[PDB]
Amino acid sequence: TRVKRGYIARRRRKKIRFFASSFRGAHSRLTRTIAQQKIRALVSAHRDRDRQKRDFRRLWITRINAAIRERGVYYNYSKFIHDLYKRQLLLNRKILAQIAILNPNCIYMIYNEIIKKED
Amino acid sequence: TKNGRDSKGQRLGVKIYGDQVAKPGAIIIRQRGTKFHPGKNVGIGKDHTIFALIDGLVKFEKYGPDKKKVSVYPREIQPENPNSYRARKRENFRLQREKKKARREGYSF
Amino acid sequence: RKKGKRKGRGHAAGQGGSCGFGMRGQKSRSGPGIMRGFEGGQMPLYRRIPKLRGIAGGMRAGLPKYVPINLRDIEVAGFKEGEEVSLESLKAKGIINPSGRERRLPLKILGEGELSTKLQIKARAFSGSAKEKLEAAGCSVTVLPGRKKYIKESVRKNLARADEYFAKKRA
Amino acid sequence: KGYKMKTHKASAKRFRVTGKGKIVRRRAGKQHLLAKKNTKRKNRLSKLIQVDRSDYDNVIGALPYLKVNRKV
RNA sequence: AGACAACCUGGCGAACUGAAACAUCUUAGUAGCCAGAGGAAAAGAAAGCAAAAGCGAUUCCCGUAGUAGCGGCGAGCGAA
RNA sequence: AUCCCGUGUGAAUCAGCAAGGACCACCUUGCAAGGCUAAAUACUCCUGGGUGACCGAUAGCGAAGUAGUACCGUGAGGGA
RNA sequence: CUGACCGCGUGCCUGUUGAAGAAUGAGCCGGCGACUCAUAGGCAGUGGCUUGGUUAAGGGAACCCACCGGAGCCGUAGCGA
RNA sequence: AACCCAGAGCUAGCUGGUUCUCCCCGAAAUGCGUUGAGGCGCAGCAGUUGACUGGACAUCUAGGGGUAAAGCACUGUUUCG
RNA sequence: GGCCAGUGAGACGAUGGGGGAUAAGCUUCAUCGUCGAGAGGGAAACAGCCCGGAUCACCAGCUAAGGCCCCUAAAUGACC
RNA sequence: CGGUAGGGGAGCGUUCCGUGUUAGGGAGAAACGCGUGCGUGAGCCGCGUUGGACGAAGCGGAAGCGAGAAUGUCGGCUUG
RNA sequence: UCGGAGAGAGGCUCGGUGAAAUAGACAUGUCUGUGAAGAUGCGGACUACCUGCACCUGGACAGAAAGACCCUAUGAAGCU
RNA sequence: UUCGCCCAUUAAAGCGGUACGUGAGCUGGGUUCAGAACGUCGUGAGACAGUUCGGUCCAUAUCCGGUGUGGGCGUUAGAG
Ligand SMILES: [Mg+2]
Ligand SMILES: [Mg+2]
Ligand SMILES: [Mg+2]
Ligand SMILES: [Mg+2]
Ligand SMILES: [Mg+2]
Ligand SMILES: [Mg+2]
Ligand SMILES: [Mg+2]
Ligand SMILES: [Mg+2]
Ligand SMILES: [Mg+2]
Ligand SMILES: [Mg+2]
Ligand SMILES: [Mg+2]
Ligand SMILES: [Mg+2]
Ligand SMILES: [Mg+2]
Ligand SMILES: [Mg+2]
Ligand SMILES: [Mg+2]
Ligand SMILES: [Mg+2]
Ligand SMILES: [Mg+2]
Ligand SMILES: [Mg+2]
Ligand SMILES: [Mg+2]
Ligand SMILES: [Mg+2]
Ligand SMILES: [Mg+2]
Ligand SMILES: [Mg+2]
Ligand SMILES: [Mg+2]
Ligand SMILES: [Mg+2]
Ligand SMILES: [Mg+2]
Ligand SMILES: [Mg+2]
Ligand SMILES: [Mg+2]
Ligand SMILES: [Mg+2]
Ligand SMILES: [Mg+2]
Ligand SMILES: [Mg+2]
Ligand SMILES: [Mg+2]
Ligand SMILES: [Mg+2]
Ligand SMILES: [Mg+2]
Ligand SMILES: [Mg+2]
Ligand SMILES: [Mg+2]
Ligand SMILES: [Mg+2]
Ligand SMILES: [Mg+2]
Ligand SMILES: [Mg+2]
Ligand SMILES: [Mg+2]
Ligand SMILES: [Mg+2]
Ligand SMILES: [Mg+2]
Ligand SMILES: [Mg+2]
Ligand SMILES: [Mg+2]
Ligand SMILES: [Mg+2]
Ligand SMILES: [Mg+2]
Ligand SMILES: [Mg+2]
Ligand SMILES: [Mg+2]
Ligand SMILES: [Mg+2]
Ligand SMILES: [Mg+2]
Ligand SMILES: [Mg+2]
Ligand SMILES: [Mg+2]
Ligand SMILES: [Mg+2]
Ligand SMILES: [Mg+2]
Ligand SMILES: [Mg+2]
Ligand SMILES: [Mg+2]
Ligand SMILES: [Mg+2]
Ligand SMILES: [Mg+2]
Ligand SMILES: [Mg+2]
Ligand SMILES: [Mg+2]
Ligand SMILES: [Mg+2]
Ligand SMILES: [Mg+2]
Ligand SMILES: [Mg+2]
Ligand SMILES: [Mg+2]
Ligand SMILES: [Mg+2]
Ligand SMILES: [Mg+2]
Ligand SMILES: [Mg+2]
Ligand SMILES: [Mg+2]
Ligand SMILES: [Mg+2]
Ligand SMILES: [Mg+2]
Ligand SMILES: [Mg+2]
Ligand SMILES: [Mg+2]
Ligand SMILES: [Mg+2]
Ligand SMILES: [Mg+2]
Ligand SMILES: [Mg+2]
Ligand SMILES: [Mg+2]
Ligand SMILES: [Mg+2]
Ligand SMILES: [Mg+2]
Ligand SMILES: [Mg+2]
Ligand SMILES: [Mg+2]
Ligand SMILES: [Mg+2]
Ligand SMILES: [Mg+2]
Ligand SMILES: [Mg+2]
Ligand SMILES: [Mg+2]
Ligand SMILES: [Mg+2]
Ligand SMILES: [Mg+2]
Ligand SMILES: [Mg+2]
Ligand SMILES: [Mg+2]
Ligand SMILES: [Mg+2]
Ligand SMILES: [Mg+2]
Ligand SMILES: [Mg+2]
Ligand SMILES: [Mg+2]
Ligand SMILES: [Mg+2]
Ligand SMILES: [Mg+2]
Ligand SMILES: [Mg+2]
Ligand SMILES: [Mg+2]
Ligand SMILES: [Mg+2]
Ligand SMILES: [Mg+2]
Ligand SMILES: [Mg+2]
Ligand SMILES: [Mg+2]
Ligand SMILES: [Mg+2]
Ligand SMILES: [Mg+2]
Ligand SMILES: [Mg+2]
Ligand SMILES: [Mg+2]
Ligand SMILES: [Mg+2]
Ligand SMILES: [Mg+2]
Ligand SMILES: [Mg+2]
Ligand SMILES: [Mg+2]
Ligand SMILES: [Mg+2]
Ligand SMILES: [Mg+2]
Ligand SMILES: [Mg+2]
Ligand SMILES: [Mg+2]
Ligand SMILES: [Mg+2]
Ligand SMILES: [Mg+2]
Ligand SMILES: [Mg+2]
Ligand SMILES: [Mg+2]
Ligand SMILES: [Mg+2]
Ligand SMILES: [Mg+2]
Ligand SMILES: [Mg+2]
Ligand SMILES: [Mg+2]
Ligand SMILES: [Mg+2]
Ligand SMILES: [Mg+2]
Ligand SMILES: [Mg+2]
Ligand SMILES: [Mg+2]
Ligand SMILES: [Mg+2]
Ligand SMILES: [Mg+2]
Ligand SMILES: [Mg+2]
Ligand SMILES: [Mg+2]
Ligand SMILES: [Mg+2]
Ligand SMILES: [Mg+2]
Ligand SMILES: [Mg+2]
Ligand SMILES: [Mg+2]
Ligand SMILES: [Mg+2]
Ligand SMILES: [Mg+2]
Ligand SMILES: [Mg+2]
Ligand SMILES: [Mg+2]
Ligand SMILES: [Mg+2]
Ligand SMILES: [Mg+2]
Ligand SMILES: [Mg+2]
Ligand SMILES: [Mg+2]
Ligand SMILES: [Mg+2]
Ligand SMILES: [Mg+2]
Ligand SMILES: [Mg+2]
Ligand SMILES: [Mg+2]
Ligand SMILES: [Mg+2]
Ligand SMILES: [Mg+2]
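Residue numbers (the working numbering), protein chains in the order written: chain A, 2 to 120; chain B, 65 to 173; chain C, 828 to 998; chain D, 1127 to 1198.
Treat the hints as calculated values from the structure; they're not laboratory data. Check before you lean on any hint, since a few could be wrong.
[Unchecked claim] Straight-line C-alpha distance at most 30 Å; calculated BS3-like pairs for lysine-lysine:
no., chain 1, residue 1, chain 2, residue 2
1, A, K15, C, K834
2, D, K1166, D, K1130
3, D, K1163, B, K99
4, D, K1173, C, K892
5, D, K1166, B, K72
6, C, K854, C, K834
7, D, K1130, C, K832
8, C, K832, A, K5
9, C, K892, D, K1148
10, B, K99, D, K1166
11, C, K935, C, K976
12, C, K935, D, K1146
13, D, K1146, D, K1135
14, D, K1148, D, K1173
15, B, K163, B, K153
16, B, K164, D, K1197
17, D, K1197, C, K829
18, D, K1162, B, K72
19, C, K920, D, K1146
20, D, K1163, B, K72
21, C, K892, D, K1130
22, C, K878, D, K1139
Build the full structure now, drawing on both the sequences and the hints.
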């Protein structure tokens, strides 16, 4: 019983093409290229969902270091953090970064508690 | 002149060591000349292969003053450890095989 | 019904690409292989070993000449006393199914197991232990004649001259 | 009329089977040059040996009608 | 008298190939070519099988059997 | 062995002759060197019926239209 | 849907000790395009019978198929040339 | 050593290719033989299936040995006295 | 034991050596690690070096090797 | 619970057959196009200001059964 | 030496007609370093508005398929 | 031919790298291709890190790189 491949192929191709919408140039056109480009996209995605978790801690820490450095002459990120722990506070770095921007006065207070107690 | 011929290593040398176990007939040493001498309960071959005549522990000795001789002595194994680490774990394996095979066909539902 | 491997479709499936033939060279190449009994050109095992005893020269192979039966089988079978055993009645109860070569054969009895009954047995031959156990159990042993070997007259004269010698000597 | 496997004949003049189903063979080398082989060796080369597990494949493959138990 | 797909009979009759080379062997009396006749052809009415018991022209199928055998006793071939 | 042929020699007639796997004896079986014969079996250029887990215009015949055509080749031939 | 700017990111296949390779292959797109069938041997998984199992050709209200068809074949003794 | 057709789908231990998805386990590039060396047979090391088993990782003791070091008792070699 | 595979061109690194010139990213063995068939981090980039062996999600947290002037995460830290 | 060669398990789809002259379908089937739908994925389920007559699901069966590589191959269309 | 001028046919512009080899996709700098040991594509610096046209040929291991040379094949053929 | 030798000068007539720096810029030899001849080796077909005469390399610049020469746009209203 002869079987033409029929649409079984074209569907697959089409469902790939949908993926690759808005790729500049022949990456959005030719099937054969589109394949690869799909794979690479998916791959980067996977990679950078891991990079992401690295990079926001990067960021947050940076912003925090900026936010503290303003108060004391001699004060750091490092110093700060060590002080947060020996005072037993749980706040992670996302929260201290977002509170650094969006509620600056709060961070000033926190610093004043760590200082009072280290005193 | 031009070298490069040689021989497969003949497999000579001590086959069973001191205080290991030997069967009767079991070869203790293959040697070229006699680097050892036959002791008691122990025969020697044509190539000076030394072999055991009796089951037991093989012991090397000073032939005196210089050379060495090997002889075989009958041992005694009574001391089976009733309760010890060895016995405990081997038993455990037995009983686990038994249990784990018996709770199969003994499974409801 | 277990579904078959279709090789050469996809990798994620199964044996794709190479199909499980690994890389290249003779075993992965299409076509008849190399002979089953052949090792690389080293003298093959079967060729470096000498031919079996009689076969080697054309001495005819040894062949079964009777259908062997023990007493075990005659016990297990439903034989009531007086019953004739023979060949035929063993096909009847089926404990022997003869094929072509076996059809053309006679019957022989081999002692094993201990028979309890009185049977009337017919066969062309018996082992020693056989007819010993049989005549011990009170069974009648009928030994059937084999087909005469044709002999030309001169050899009858010789073999008879013998018998006349023995007869004149004992008498 | 299909095709049925052929017994490899040069393999069947060499190997055979024992009643319990293991393959056996002769030993090589007792043919000529016996004078210089000691009697003890000659006796050893006279007997029937069960074929090495290793070759069982090749053999079995070339003697398809040999009834053989590999002890399973 | 010529024409006529395949089948068939007769005549000539390869080689690549397999044998991990090759020469005996294999391929295969296959392809091809020539000639011939038919709807089938050919074979066929025991100077035959068999084995001390029997059969009763030829052809074809199943089986015996990948058995007996043949064979650089190799590759392989293979009955009744 | 049996069977059939080149060269050369070359018998016996039933009180014979041949075969029975070198050969000889014995027995068994058969009657060569004249012919002819149906069926069971092989095949599809085809004809008539039937069916199709066969194709559906890149498939199915090379050919669903000028198809062995157009075209190519001195020619055998290739060939949409 | 677009994308200011930051970060990360050395086409695919084949094949290799090893490739982004300046190693091979693909202009692009759509079709066609490859472990198939028959017959045996071995092994496994499932059934069926185990009053041992099974039929081959053949016959069948055309096929299939009921019902036949035990000739064969496998298992019941080995040792030995 | 012409062409065309056929044997012919010759043969190619060579090169190229061999198409759906998920899950589990997971090598080797070594030895021997080979008209063999880029091939193949067997072993070694995969997977899956059974039958036996009781170990492994540690700790300590016991064996035989002739390397590193060391030495001049032998075999060479060597300087001066 | 059964059934049934690949593999039989290896690379460097540590160490023991031979060949070579105690030359070679050379060559050939021996006992190991990694790559092969291993992604992540450190090594500017960088198969074989160091850390560590990736079921998967998280805009959570602690560390290894390695680092804390700016590019670029952390001390323009302390004391000799 | 990394993974190549490679082995084993569990699945999805394509055309056809059985159920079957089936359910459904000019009140719009196949197909073609779409989705804030559901799947570990192969894919499924839903929707159409296209299309114009066929044809599921379930439980089974069979293969000319899944393509991106063959300096593959045939058409179409580019680049220069 | 040591080039010069001129004439024709092109080259160049305009109108008409209009190919080809090539080609994974190309958003296609230089230096230096790295790397299968000669990189637009990886690193660090440096230089670079966008895009035509005419010219030039250093690169893209430029293009036109088996490498004639070397080796392999138990390949092929010719010759002795 | 790398090397080198000489003639006449000269301030001096440097040595190296750039794939012989440079063959899609040019041209000789060299890969001694097929013809032929000599010496030599080989019975021979033929051979030679011997000699000798003859003996086909193509190219419309895609991109980078370059020498020139424009347009667009920017230069915060538009221009000379
Ligand atoms: Mg169809
Ligand atoms: Mg197809
Ligand atoms: Mg986007
Ligand atoms: Mg030695
Ligand atoms: Mg003695
Ligand atoms: Mg199949
Ligand atoms: Mg599978
Ligand atoms: Mg692939
Ligand atoms: Mg396989
Ligand atoms: Mg391949
Ligand atoms: Mg292989
Ligand atoms: Mg082949
Ligand atoms: Mg064969
Ligand atoms: Mg012999
Ligand atoms: Mg026998
Ligand atoms: Mg039988
Ligand atoms: Mg038997
Ligand atoms: Mg003899
Ligand atoms: Mg095997
Ligand atoms: Mg006529
Ligand atoms: Mg005629
Ligand atoms: Mg006619
Ligand atoms: Mg031949
Ligand atoms: Mg030939
Ligand atoms: Mg063939
Ligand atoms: Mg051959
Ligand atoms: Mg061959
Ligand atoms: Mg007829
Ligand atoms: Mg006739
Ligand atoms: Mg008659
Ligand atoms: Mg007559
Ligand atoms: Mg005759
Ligand atoms: Mg006869
Ligand atoms: Mg005669
Ligand atoms: Mg003749
Ligand atoms: Mg006469
Ligand atoms: Mg007769
Ligand atoms: Mg007559
Ligand atoms: Mg005659
Ligand atoms: Mg007649
Ligand atoms: Mg006639
Ligand atoms: Mg058409
Ligand atoms: Mg057509
Ligand atoms: Mg159509
Ligand atoms: Mg960016
Ligand atoms: Mg990067
Ligand atoms: Mg970048
Ligand atoms: Mg290479
Ligand atoms: Mg490339
Ligand atoms: Mg490569
Ligand atoms: Mg290479
Ligand atoms: Mg192609
Ligand atoms: Mg290309
Ligand atoms: Mg296919
Ligand atoms: Mg196959
Ligand atoms: Mg099959
Ligand atoms: Mg089968
Ligand atoms: Mg069963
Ligand atoms: Mg029938
Ligand atoms: Mg019929
Ligand atoms: Mg019928
Ligand atoms: Mg001529
Ligand atoms: Mg020719
Ligand atoms: Mg042929
Ligand atoms: Mg072929
Ligand atoms: Mg061909
Ligand atoms: Mg050939
Ligand atoms: Mg694992
Ligand atoms: Mg290794
Ligand atoms: Mg080879
Ligand atoms: Mg192997
Ligand atoms: Mg294993
Ligand atoms: Mg010691
Ligand atoms: Mg010690
Ligand atoms: Mg010593
Ligand atoms: Mg030593
Ligand atoms: Mg020393
Ligand atoms: Mg000394
Ligand atoms: Mg001394
Ligand atoms: Mg080897
Ligand atoms: Mg090697
Ligand atoms: Mg290989
Ligand atoms: Mg190394
Ligand atoms: Mg080393
Ligand atoms: Mg040493
Ligand atoms: Mg030195
Ligand atoms: Mg060294
Ligand atoms: Mg090396
Ligand atoms: Mg370490
Ligand atoms: Mg590999
Ligand atoms: Mg690893
Ligand atoms: Mg890594
Ligand atoms: Mg890194
Ligand atoms: Mg590690
Ligand atoms: Mg882990
Ligand atoms: Mg921390
Ligand atoms: Mg910083
Ligand atoms: Mg400081
Ligand atoms: Mg893991
Ligand atoms: Mg896994
Ligand atoms: Mg795999
Ligand atoms: Mg469906
Ligand atoms: Mg359908
Ligand atoms: Mg209806
Ligand atoms: Mg619809
Ligand atoms: Mg349909
Ligand atoms: Mg659907
Ligand atoms: Mg469905
Ligand atoms: Mg209508
Ligand atoms: Mg249905
Ligand atoms: Mg459908
Ligand atoms: Mg097909
Ligand atoms: Mg294509
Ligand atoms: Mg091309
Ligand atoms: Mg084309
Ligand atoms: Mg001029
Ligand atoms: Mg002019
Ligand atoms: Mg003109
Ligand atoms: Mg113009
Ligand atoms: Mg074109
Ligand atoms: Mg650009
Ligand atoms: Mg380097
Ligand atoms: Mg570079
Ligand atoms: Mg760069
Ligand atoms: Mg980049
Ligand atoms: Mg250029
Ligand atoms: Mg030019
Ligand atoms: Mg490139
Ligand atoms: Mg060879
Ligand atoms: Mg040859
Ligand atoms: Mg001067
Ligand atoms: Mg001066
Ligand atoms: Mg220069
Ligand atoms: Mg120059
Ligand atoms: Mg150039
Ligand atoms: Mg010249
Ligand atoms: Mg001469
Ligand atoms: Mg010379
Ligand atoms: Mg001339
Ligand atoms: Mg241009
Ligand atoms: Mg330019
Ligand atoms: Mg400009
Ligand atoms: Mg301008
Ligand atoms: Mg302006
Ligand atoms: Mg302006």
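Going down the list of hints, with the structure as the test:
1. A:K15 - C:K834: Given that 30 Å is the threshold and the Cα spacing comes to 27 Å, the pair holds.
2. D:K1166 - D:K1130: With Cα atoms ~46 Å apart, D:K1166 and D:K1130 exceed 30 Å; violated.
3. D:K1163 - B:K99: 29 Å, holds
4. D:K1173 - C:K892: 27 Å, holds
5. D:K1166 - B:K72: Judged against 30 Å, a Cα distance of about 25 Å means the pair holds.
6. C:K854 - C:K834: 16 Å, holds
7. D:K1130 - C:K832: Holds: D:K1130 and C:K832 sit about 26 Å apart, inside 30 Å.
8. C:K832 - A:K5: Holds, at roughly 22 Å.
9. C:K892 - D:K1148: Holds - the C-alpha atoms of D:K1148 and C:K892 are around 24 Å apart, at most 30 Å.
10. B:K99 - D:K1166: 27 Å, holds
11. C:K935 - C:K976: At roughly 20 Å apart (the allowed maximum being 30 Å), C:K976 and C:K935 satisfy the hint.
12. C:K935 - D:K1146: 23 Å, holds
13. D:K1146 - D:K1135: Distance ~22 Å between D:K1146 and D:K1135 Cα, so the pair holds.
14. D:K1148 - D:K1173: Distance ~15 Å between D:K1148 and D:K1173 Cα, so the pair holds.
15. B:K163 - B:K153: The given pair, whose Cα atoms are some 15 Å apart, holds under the 30 Å limit.
16. B:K164 - D:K1197: Holds: B:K164 and D:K1197 sit about 27 Å apart, inside 30 Å.
17. D:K1197 - C:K829: Holds - the C-alpha atoms of C:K829 and D:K1197 are around 27 Å apart, at most 30 Å.
18. D:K1162 - B:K72: Holds. D:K1162 to B:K72 sits at ~24 Å (cutoff 30 Å).
19. C:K920 - D:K1146: Holds, at about 28 Å.
20. D:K1163 - B:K72: 22 Å, holds
21. C:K892 - D:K1130: Roughly 29 Å separates the two Cα atoms, so the pair holds.
22. C:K878 - D:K1139: 5 Å, holds
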